[PDB]
Amino acid sequence: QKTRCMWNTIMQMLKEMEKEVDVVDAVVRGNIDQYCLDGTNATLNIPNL
Amino acid sequence: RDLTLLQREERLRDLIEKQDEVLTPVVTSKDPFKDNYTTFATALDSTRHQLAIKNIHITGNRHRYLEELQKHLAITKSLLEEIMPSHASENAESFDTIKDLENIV
Amino acid sequence: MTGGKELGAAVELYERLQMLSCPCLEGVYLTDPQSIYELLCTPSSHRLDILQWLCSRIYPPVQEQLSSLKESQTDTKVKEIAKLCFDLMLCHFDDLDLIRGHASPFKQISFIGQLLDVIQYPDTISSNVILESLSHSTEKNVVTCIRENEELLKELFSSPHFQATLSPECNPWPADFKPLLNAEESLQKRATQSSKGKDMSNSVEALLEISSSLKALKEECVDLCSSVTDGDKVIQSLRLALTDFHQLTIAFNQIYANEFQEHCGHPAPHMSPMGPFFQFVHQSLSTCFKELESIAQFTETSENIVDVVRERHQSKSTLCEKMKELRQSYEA
Amino acid sequence: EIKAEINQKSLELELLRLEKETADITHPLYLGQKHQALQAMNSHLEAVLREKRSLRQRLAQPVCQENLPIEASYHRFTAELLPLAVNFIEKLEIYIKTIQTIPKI
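Each protein sequence line maps, in turn, to chains A, B, C and D. Counting from 1 along the first sequence, just add 234 to a position and that's the residue number in UniProt numbering. Counting from 1 along the second sequence, just add 210 to a position and that's the residue number in UniProt numbering. Read in order, the letters of the third sequence correspond to residues 1 to 316, 325 to 340 in UniProt numbering. Counting from 1 along the fourth sequence, just add 53 to a position and that's the residue number in UniProt numbering.
The set of hints was computed from the structure by calculation and includes no laboratory data.
Simulated pairs of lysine-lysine, BS3-like, Cα-Cα distance not exceeding 25 angstroms: (1) B:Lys-244 to D:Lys-105; (2) C:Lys-198 to D:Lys-56; (3) A:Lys-253 to B:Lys-240; (4) B:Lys-244 to A:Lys-236; (5) C:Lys-215 to D:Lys-73; (6) D:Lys-73 to B:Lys-228; (7) C:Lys-233 to B:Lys-228; (8) A:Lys-249 to D:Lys-105; (9) D:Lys-56 to C:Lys-218; (10) C:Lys-290 to D:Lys-157; (11) C:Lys-198 to D:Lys-62; (12) D:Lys-56 to C:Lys-215; (13) C:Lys-107 to C:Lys-5; (14) D:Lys-150 to C:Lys-290; (15) D:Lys-105 to A:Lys-253; (16) C:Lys-189 to C:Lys-178; (17) D:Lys-73 to C:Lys-233; (18) B:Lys-244 to A:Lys-253; (19) B:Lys-309 to D:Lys-157; (20) D:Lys-73 to C:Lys-218; (21) A:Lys-249 to B:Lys-244; (22) D:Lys-56 to C:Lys-189; (23) D:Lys-56 to C:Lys-196; (24) B:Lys-287 to C:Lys-290; (25) C:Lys-218 to D:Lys-62; (26) D:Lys-105 to B:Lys-240; (27) C:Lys-196 to D:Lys-62; (28) B:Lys-287 to D:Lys-150; (29) D:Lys-73 to A:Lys-236; (30) B:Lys-309 to D:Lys-144; (31) C:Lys-290 to B:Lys-309; (32) B:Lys-287 to D:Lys-144; (33) A:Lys-236 to B:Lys-228; (34) D:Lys-150 to B:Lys-309; (35) C:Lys-215 to D:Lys-62; (36) D:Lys-144 to C:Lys-290; (37) A:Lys-249 to B:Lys-240; (38) A:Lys-236 to C:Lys-233.
Based on the sequences and whatever the hints tell you, model everything.
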C-alpha cells in the first residue's frame, strides 16, 4: 500500500503538471512568434464603388 | 500450495523493495520541484502573451491603440451580424462538392 | 441411482435375446432401456411366452406341454415353468411370481441371465441337425455328456490346485502396508461413515463451482494472461527512469535557482478582451468569404453544365441523331 | 482423484487473485505505463536542461511595449485578419455581383 501510495503521489504529479509540461515544452520546441501583424505587404487597392 | 504461495509473496516483496529504494528519493523531491517548475512555467508563458508587429501605424500607448481598434471591430462583428444568413456554413461547405459534381459531369 | 444397473442389465439380456434369435422379438425393435426393462421385468404375456421360449430352448419336451395349455390356462403355464425351473436349479417350484413378473427386477434379470447362459450360441450353424429324430439323438447326447463329465471331473481332480480353487485366499500386500491392514477397528469406522452416493455428488458439485470461479477470474484477468516475458527489463527500465527523473529534477531545481528565478519575478502583461473579437471577426468574415465564393461557383457550375449538355445534344450528325439512326436499323 | 482437480484449481485461483491485486506494482503492463510516463517527462526535462540558454534568453526580455498584449491562442486570427480584410475589400465589387445573382439560384 506504501508502494501504491508513492506511485500515486508521483503519477498524480505528472497529471498535476500536465499543462505546465507542454507550456514549458512550447519554448523548448518553439510554437512562438509564428504569426506577426505585418503591414509591409498590405498594398490595399480600394475599389471604384 | 503453501510452498508455492510463499515463493509468490517472496518475489512480491523482492519486486517491492527494488522499487521502494528508488521511489522514496523521487517522492522526497516532489513538490519543491513542482512549485518551482509551475512558477517558472507561468512566468515563461507571460513572454508569449505578446504578439509581434511589422510596419503597422500605431499611435501612443498599445492599450490606447487597442481601445480605438476595439471601437471599430465593434462595428465589423456587428456587420457580420448584419450579413450572415442562417445557412452561411452549408453554403460555404458546398464549395468543393459543386466542383466534384462538375468534374464528374 | 440404483435402477440404472437394472436398466443396463435389461439391455444385456435383450441384445442376447436378439443374438440367440428369439422369435418373440420379431419386429419388437425397442431402443429405449426403460421399454426394454419393462418388457423383461413387467407382468405380461409377451414376457411369459419369452420365458416359455427360453424353457423350450433349454428343454424342448416342455414345448408340446406348454402349447397344449391355452391363454385361459396361463396360470397353469406359470406353474409348469416354475416346476421346470425348480427341476433345473433356477428357482423354487412355488416361485410363481418370478415367472409372472412381480419379483424385484434384479431377481428377474439374474433368472433370465441364468436361462440365456444355458442357450449355447449358434457359432457353427449345423443346418441339418435341427429336427432329425430326437428319440434316436437324446441317449447319444446323454452318453457323450456323461463321458465329457467323467473326463473333465477326473482331470480337474488330478490337479494339485484343486483344493485352492475350492478355498481361495490371496495377499498382494507387503510388510510396509500391514500396519494399515491390521488397524481394522479404527479405520473401518471411517469406511462405514462415508455417505458414498452423496459424497461422489458433492465432489463433482464443488469441482464445477471452483471451475466456474477460476474461469470467470481468467475472463477478467485477460491483460494479466498476456505473455510479457521481459518483466525484469521493464523493472530495470522503470528503476533507471526513476533514477534519471530524480537527477533531472535535482538539475532543474539547481538551474532554476541560478538561471531562471532572477527573471521569473517579472509581472505578467495585462490582457485585452480583443482576442475573442479577432477570432469572431476572422471566422465569420472567412465563412462570408467562402459563402459568396460558393454561391458564385454554384451559378458558374450550373450554367457550365447547362452549356456542356447542350453541346452534347447539338454538336455534330449529333449523338442524339446517330444513336436513333443505329437503333432504327435493329428495330428494322 | 476428483480431490486432486479441486485442490489444484483452488491453488491456481489463489495465485491469480494475488497477481490480480498486486498487478499495478508487479505486472509489466502497468509498470510499463509508469515507465512511459517517467520516460516522457525525462525526454522533456533533458531538453529543458539543454534549452535553459534559450529559456533564460526569453525570460531576460522585459514585457515588450513594441508588441501587442494578446494571449497566444488569438495570434493567428489577429495577424490573418489584415490580409483577409484587404482581400474582402478588393473582392467587394465581385461579391456585389454574386449578391445580384442570388436571385438566379
